[PDB]
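Asks: Listed below are the residues making up each chain.
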Amino acid sequence: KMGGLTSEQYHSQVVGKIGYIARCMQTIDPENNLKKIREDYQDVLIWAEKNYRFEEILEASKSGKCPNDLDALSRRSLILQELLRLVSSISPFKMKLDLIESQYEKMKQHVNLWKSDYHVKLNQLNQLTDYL
Amino acid sequence: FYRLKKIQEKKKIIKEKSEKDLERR
Amino acid sequence: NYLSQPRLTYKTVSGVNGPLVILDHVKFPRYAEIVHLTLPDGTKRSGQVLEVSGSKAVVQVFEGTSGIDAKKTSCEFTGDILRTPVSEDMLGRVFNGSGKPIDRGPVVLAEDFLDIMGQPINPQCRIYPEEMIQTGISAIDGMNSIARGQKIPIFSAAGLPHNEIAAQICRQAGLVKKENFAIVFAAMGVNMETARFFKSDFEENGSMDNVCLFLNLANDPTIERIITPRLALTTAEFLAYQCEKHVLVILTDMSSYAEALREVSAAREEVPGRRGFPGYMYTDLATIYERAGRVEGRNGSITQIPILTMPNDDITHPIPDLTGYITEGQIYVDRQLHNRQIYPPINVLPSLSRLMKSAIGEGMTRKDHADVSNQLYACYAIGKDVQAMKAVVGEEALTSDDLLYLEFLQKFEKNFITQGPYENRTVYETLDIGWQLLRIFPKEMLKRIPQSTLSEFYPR
Amino acid sequence: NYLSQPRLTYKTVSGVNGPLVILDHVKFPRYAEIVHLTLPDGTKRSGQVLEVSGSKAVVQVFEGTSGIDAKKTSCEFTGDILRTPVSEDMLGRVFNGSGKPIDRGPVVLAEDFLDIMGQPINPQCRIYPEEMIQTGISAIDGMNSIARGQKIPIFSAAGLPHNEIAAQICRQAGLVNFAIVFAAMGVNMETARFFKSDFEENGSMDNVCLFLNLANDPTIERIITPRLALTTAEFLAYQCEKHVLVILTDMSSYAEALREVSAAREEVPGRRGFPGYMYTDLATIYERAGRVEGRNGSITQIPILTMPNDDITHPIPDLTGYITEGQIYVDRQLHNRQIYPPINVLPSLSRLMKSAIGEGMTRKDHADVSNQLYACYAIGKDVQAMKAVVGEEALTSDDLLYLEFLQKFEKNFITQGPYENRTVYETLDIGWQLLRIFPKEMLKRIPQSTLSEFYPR
Amino acid sequence: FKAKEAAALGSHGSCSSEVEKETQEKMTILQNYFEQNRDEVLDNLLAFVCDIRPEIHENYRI
Amino acid sequence: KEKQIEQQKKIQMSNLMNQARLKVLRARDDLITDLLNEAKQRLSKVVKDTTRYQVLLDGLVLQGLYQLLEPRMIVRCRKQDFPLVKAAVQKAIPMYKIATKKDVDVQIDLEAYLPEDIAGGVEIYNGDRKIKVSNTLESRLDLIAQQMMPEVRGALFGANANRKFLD
Amino acid sequence: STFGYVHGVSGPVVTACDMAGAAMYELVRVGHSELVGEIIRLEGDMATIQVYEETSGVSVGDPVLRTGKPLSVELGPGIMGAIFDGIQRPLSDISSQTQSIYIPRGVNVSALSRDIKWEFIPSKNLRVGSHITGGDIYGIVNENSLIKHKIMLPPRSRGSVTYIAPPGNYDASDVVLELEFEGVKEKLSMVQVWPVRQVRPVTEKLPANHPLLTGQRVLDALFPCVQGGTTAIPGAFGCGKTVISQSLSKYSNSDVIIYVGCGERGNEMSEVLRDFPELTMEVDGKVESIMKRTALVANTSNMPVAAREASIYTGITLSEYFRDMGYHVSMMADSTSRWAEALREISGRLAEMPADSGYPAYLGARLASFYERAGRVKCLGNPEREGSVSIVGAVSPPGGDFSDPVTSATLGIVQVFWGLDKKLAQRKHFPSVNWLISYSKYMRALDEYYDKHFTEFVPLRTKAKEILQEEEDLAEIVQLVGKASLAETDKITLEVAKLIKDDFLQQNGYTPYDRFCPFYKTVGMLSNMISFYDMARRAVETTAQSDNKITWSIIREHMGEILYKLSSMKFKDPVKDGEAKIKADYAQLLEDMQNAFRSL
Ligand SMILES: Nc1ncnc2c1ncn2[C@@H]1O[C@H](COP(=O)(O)OP(=O)(O)O)[C@@H](O)[C@H]1O
Ligand SMILES: [Mg+2]
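Residue numbers (the numbering used here), protein chains in the order written: chain L, 293 to 424; chain E, 112 to 136; chain H, 129 to 588; chain Y, 756 to 1212; chain F, 21 to 82; chain V, 15 to 181; chain P, 918 to 1517.
Derived by calculation from the structure, the hints in this document are not laboratory data.
Check the hints yourself; a few may be wrong.
Under the rule of at most 27 Å between Cα atoms (straight-line distance), these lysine-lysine pairs were calculated in the DSSO-like manner [claimed, not checked]:
(1) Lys542/H / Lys1041/P
(2) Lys1041/P / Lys386/L
(3) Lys1122/P / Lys413/L
(4) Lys811/Y / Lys116/E
(5) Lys17/V / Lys1065/P
(6) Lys539/H / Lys1041/P
(7) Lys184/H / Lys115/V
(8) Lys1142/Y / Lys1418/P
(9) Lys407/L / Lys22/F
(10) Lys539/H / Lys121/E
(11) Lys1122/P / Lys407/L
(12) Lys413/L / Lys1065/P
(13) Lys327/H / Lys115/V
(14) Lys542/H / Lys1065/P
(15) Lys1380/P / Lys354/L
So these bits of chain V aren't anywhere near chain F, every CB distance computed over 10 Å [unchecked claim]:
(16) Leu76
(17) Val120
(18) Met162
Every residue, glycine too, gets a C-beta built ideally from N, C-alpha and C.
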């Protein structure tokens, strides 16, 4: 038992978050413009982008070579998701890179981002956008 | 009373199995 | 001195029934031996031999019997009884009811292997406990005072705050001052909210490096509860009697332990005791509760605080009834006080400590402690007898003396028993709050107190 | 297709014990099969296979095991479960509790043979019951209103006038005809004569079917008697599209016969020694009622209970109240006072009343009147209990209003007499004549719109 | 408020470095004592593994 | 508000020290795992020294037979080792008859073999295969090593200074 | 072997032989009609089987088809708006195929229809070579206008995507994903399958912080529940256990409702199927029927007794599957006593040794592990969502006695207890909740919610519990002594407790103004009743020392219109009247009573 999970489930969910963080990073910034964020995520973005296989990053997770704390990966993963929601909610318009890095840093410093009024304001934009 | 019966039955079954084993021996 | 001989593996399962697997063709079967079962999908389970007869052996399976089959499931007999690994490195770790890690740490690298049943300590080699623990709670430290090495359970019921009482004792307990505890904590059948509450409080108190947790939750298998208290107490005996620590042991529902014993005894078709429980349940609970105290020439101790939930609030039920015949008193938590929002809801009348008589008094605490304790108890008993009369006859029938007892009873519940979850009263604060309530009466009514104690302490 | 292979007959009886006979060397035994026994004196009996294992079959004999032996007793196995012959020619007939005629008529020609157990109706195919039956009795129609397709038993006790209530309902019931299926378990000859007389006297007997088991008839017939009746009701309602009213007399005798059978099998006891499965058994009787989608018939059930020592918490009324859509409660204290019908509203219920009443159903006030009569009767009963401690001199003027309402309600609303037949509208206007005893500000269940329209009259 | 939050974060960030330094000291001490003793331990393990000595169960009767 | 800063600080300090204990505990476990990997490698050299491997395999066969005690037994081996186990069985049978005072039939399984990945040793089965005894070198190494754990702790990392009594 | 044979039959229990390889809790099919049952004991080559269909007419030597699988549920689009039996057969498709009013024994119909086409949209960012793990949402189905049905990777499935279906219309049998892990391919459709006796995994379980709103004034004010909570409703017959369960199912803040009716009436499942399609919630200024968010599991009191257990596990497995989409689900169990009663018959026919009242010794562990499946969670898989299941279980203690083994085990587990009273039900006092015995453990978790949204409320809740507890202490004296000795503050306390008991704690669920009570109406009503109490108590307590002084009888004669207005607050209708109109009226009552006390 690791967390609430079997060890096989736990290490499979670690491979899943390393994969999902890569898909988020590629869709917030298709161009490598976002240098400070790509440095803060470098530990997980080293395993993606390179040619690799699910069973190899699973062995690296079991061996402790990649990041393998699901609590740290959940926190890291949510900050890109809540950034990507802002960037995707604001569809035709675009934010300045200085403002994007400011929103990221203001999110990263938050105690529990899921409770934030940032999360609520994005729920309200998605509620308006989903209707339209 | 219901729990003290059923013990009597399970004991009777054990005796009958033991008697059948003594008929096998 | 090792078992260097190969393990026999059998595919000779002959029946599966409730928690039990039955094997035949077993070679010289051993009572209480451990068995490892491998199911056809490659899952592994563990179990213990409950009965042997010729080539036949009966195994209880700790993780249950679902998916077991009589043809492909195989059992490896380990040649030995259940010995747990032990070490001092077990402090600051979290384990399940089988003693397997759940903190994402490694398995225990043993300092020794100990039989989970322990070894009988000679009655000649025990030391009588007399060091008072100040728990910080006035209803305990004043009137049900606890000696280091005692066993004293919390008797409670469904919906009552017994977990808050136990956690407050873990925060506040220490010796009386005119050393600190290692904590071993066993959960049998608790909900996730209870497991989170205790674990979070040890993290927030900052003391999580001096506690060992064994957790079996209400979704974990019932048959692990048979061994969970025994893993906790085998860990406490290593820490106390080899590493010379002072250990406080918490066993958080002995009612769920007793229910798991009834599952196995019913499945074995044994002659029932009262309420369907095993006829050997006194002897079984005694092998858990008597694993406490102090020993000659070793500077360590084990104190036990079991916790019970009484079904239908009934103290005459087998679980609390047998427990009172083994433990040195009880602390009773009352729905009547809880419905009035008194906290702690401790009812001092059915509560007892059997070791306080020698842990209190001059040089131990203070010379008045026994006299205040007796007089407060007597007044509260008389106050309940007055209150039960008044509820029929109405207040106009009462004497001035009856109104003194009725005032004392209200003041005693508001000031002495009510306390709050982080307030830490000393014995001396507790005893002086006691005198401020005994001040409700003239000296002629304080008949349990000798005239020297009245003369010295009443006029202050 | 037919069972066209022969029937096997066995002299292989291997044990006899209580109501049970055990046979061995039986060829492929069938669970719940029917067996015919011929005794050494040539008497015929029938039983049902209650357990099978290998070549052994355990059969329970409906008429009992006295005079059966191992050597000479001969058992014929039918190849099938218990099925009853059914036709509309069963209306205007009398049968005993095993379905055999007792009217000097012939045996039934079957339009079909039906399994006595029936089959559970799919909850998606059920139609919710909503058409109010007017019984003509104010305590039922105004405060426990009955919908066509309901289960609503009479909870009574020994010596109370519950047969007279059931006969008055059979006589007076209509909507705001019924075919009647009547079952008796363990009744005396006076009770059998009363119902038969009442049906013949009201000229109604061409539309009635009677299954009778008396206090001197076999006790295991009682467990098939109500299942023969309900199988007949299902043909009439769901194949011939009739509206059927089903009366089951002493479910207390059924439940005691069930306890007698289950005790003889050494099965798990529930409360007061009743079978551990009695709820599930009674549910197979009471759930055989209601309406279905696309068919124009219905079954309404009115079972009758005797509560032992008048105790509603006894297992029989207790497990019945968990299954049925309410109850009508007959009270010894009203009967001792010579009120009739002795119906006490407070322990009584109708679960289907809530949506069988109101605008276009009955009258718009009906729910508000009913709930305010419940509130005033309950407070009047609490004043009557209080006045026994403190005496009349301690009562306030408000207490004397509830105590006047209590006395007028039992004389005017509840008391009625055995052939008086009131409309719902008469019942509701008697209701308002009693509610106006109070100022409108005391009528706190009723909204101002209902008060302002109906109270000034 | 903000000064107390910054003081908590500065204290925490300081303690995290010392906790890692002490961890690296402890892990170094384990790696030293392991490599100093590995050979003597393996030479005992294989001396147990390779020395079989067959036996019948003592409850066996001819 | 203010107490949440104290709670966050306390919890974070508790989490830091917990994670630091788990690092040093995993460090021991990984070093112990490396030693057991080296023991498996060291045993593979004893297997390739076929003069010693016969002396081991003579013992591995006879020790399996003395655990089973059946009238008829089936021996399963790694395919490379067949001539060595056939010699071992031929030595085992007369020792078995002398020690047990009862007859035996022993057959090497020619139809199925232990995998070529196995370091060495045998398995022995009852004549219906519903009982077996496993006597591979990985089975011995594990069975021995787990019982040695208090002694490999004491040798690799030293005795606990706090443990005043062993009884 | 693939078949055993029936060796013997006794009620719902069958023994079979030639079953030697069969595992504990496999499904089997028994007889020539192929009745479903589950293996419950093993001995030699024999198996004992618990059958989920009636065994009447089954013969010795009949076949017993051995299936390599436990009891499981099909999970996918087509669950919302459906009704199923306890083993997940769809009762509307059974009606459509048979053209008859009955369920045939041994009937098979696929649980989710394979003929219906569903609009599937793949999740944009997934491409060939994407790494994916169990619980990952890979597309969405537009199941209806109220529920979007997320399609997600099965737990215990993982790999690299080799195919992903384009936007389109698909059958439940069409492959929508392919992936590989060990170099072996897996192919997936919109339907997965899960064992009902196994808990569906989660990333983490969370503390429950947000209320579950019932629309009752009692319950929502006095005895709260939470999203992720556990509740029991014990009572005698006819107390309201069904009406509370249906009202909470109609009007609450949950996203999805699962309703299980095991061992209860067929007319009540018919009632929900009549009532819920006609009843609408409002979304984007548009109405939607509450049946679009609802699923029913039926096994009525005359259906097979062993299928009551199947209903319970089916219902919570359907509930966990929607929790895993990031929904808040409520599961109703319309009586847990009926499942305990099924455990007892099977235990009796297996000839086991009983615990209390004949129930099996494992009963408490069955209940405790069922209620542990509730909670608030972080889901598995990577869109980083949260969801919950709340469980509300009715209990039917025989004779109304709460010392019942099922009630007594249940109250050892659940965090909320709504104890119903037959003496309230006989007065037509509904909901019949006994406010002296009932409790909630969640009242501290909800502190931060009320301290943000309803900052006046916790003081009013506290005063109301004290007035009701003071009246209970007075009433025992009043019954023996005859009321005349009371102080004027005690006569006030009795009258205001009577006002609360009659006009706050009481609702008719079958009338338009009290069908549902909003929390603004609830806090507003309690505020005015507690305000009148504090003013009446102040007027008496201030003047009682003077030669001329106020009494409750003076207040009654001076304020009969305000007392009548206070009793009439309940009649205001939350959809005929506005929120603004109701709050303005309750503010006007406060001015009217303040002007009356100024006149004293
Ligand atoms: N809140 C309510 N409002 C109005 N009537 C109610 C209410 N609760 C219960 N009832 C009435 O009481 C009957 C019994 O309720 P029900 O839920 O079926 O009882 P239970 O399940 O406890 O046996 C209902 O059919 C209805 O007539
Ligand atoms: Mg109900």
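Asks: For each hint, tell me whether it holds in the structure or not.
Replies: Comparing the hints with the structure gives:
Between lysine 542/H and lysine 1041/P the alpha-carbon distance is near 65 Å, which puts this suggested pair outside the 27 Å criterion. Of the supplied pair hints, the one linking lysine 1041/P and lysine 386/L holds, its CA atoms being roughly 20 Å apart against a limit of 27 Å. Straight-line distance between C-alpha atoms of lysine 1122/P and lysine 413/L comes to about 25 Å, which keeps the hinted pair within the 27 Å bound. As the CA atoms of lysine 811/Y and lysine 116/E are separated by approximately 24 Å, the hinted pair is consistent with the 27 Å bound.
With a C-alpha separation of about 42 Å, the suggested pair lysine 17/V and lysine 1065/P falls outside the 27 Å cut-off, and the hint is violated. Our distance criterion of 27 Å between C-alpha atoms is broken by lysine 539/H and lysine 1041/P, whose separation comes to about 70 Å. Proposed proximity of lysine 184/H and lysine 115/V is supported: the alpha carbons are some 25 Å apart, at most 27 Å. Taking the CA atoms of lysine 1142/Y and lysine 1418/P, the gap is about 23 Å. The hint holds against a cut of 27 Å.
A hinted pair counts as satisfied when its Cα atoms are at most 27 Å apart, and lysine 407/L with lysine 22/F qualifies at roughly 20 Å. A hinted pair counts as satisfied when its Cα atoms are at most 27 Å apart, and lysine 539/H with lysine 121/E does not qualify at roughly 61 Å. A distance of roughly 16 Å separates the Cα atoms of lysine 1122/P and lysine 407/L; the hinted pair therefore holds under the 27 Å criterion. Between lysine 413/L and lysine 1065/P, the direct Cα distance comes to roughly 22 Å. Compliance with the 27 Å bound is thereby established for this hinted pair.
Among the hinted pairs, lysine 327/H with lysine 115/V is inconsistent with the structure: their alpha-carbon atoms are about 62 Å apart, more than 27 Å. The hinted pair formed by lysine 542/H and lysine 1065/P fails the criterion: a straight-line CA distance of about 56 Å is larger than 27 Å. At most 27 Å may separate the alpha-carbon atoms for a hinted pair to count; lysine 1380/P and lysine 354/L exceed this at roughly 57 Å. Distance check for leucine 76/V against chain F: the nearest CB is about 5 Å away, which does not clear 10 Å, and the non-interface claim fails.
Residue-level check passed: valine 120/V sits 15 Å from the nearest beta carbon of chain F, beyond 10 Å. Once the 10 Å rule is applied to beta carbons, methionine 162/V is inconsistent with being away from chain F; the minimum gap is 7 Å.
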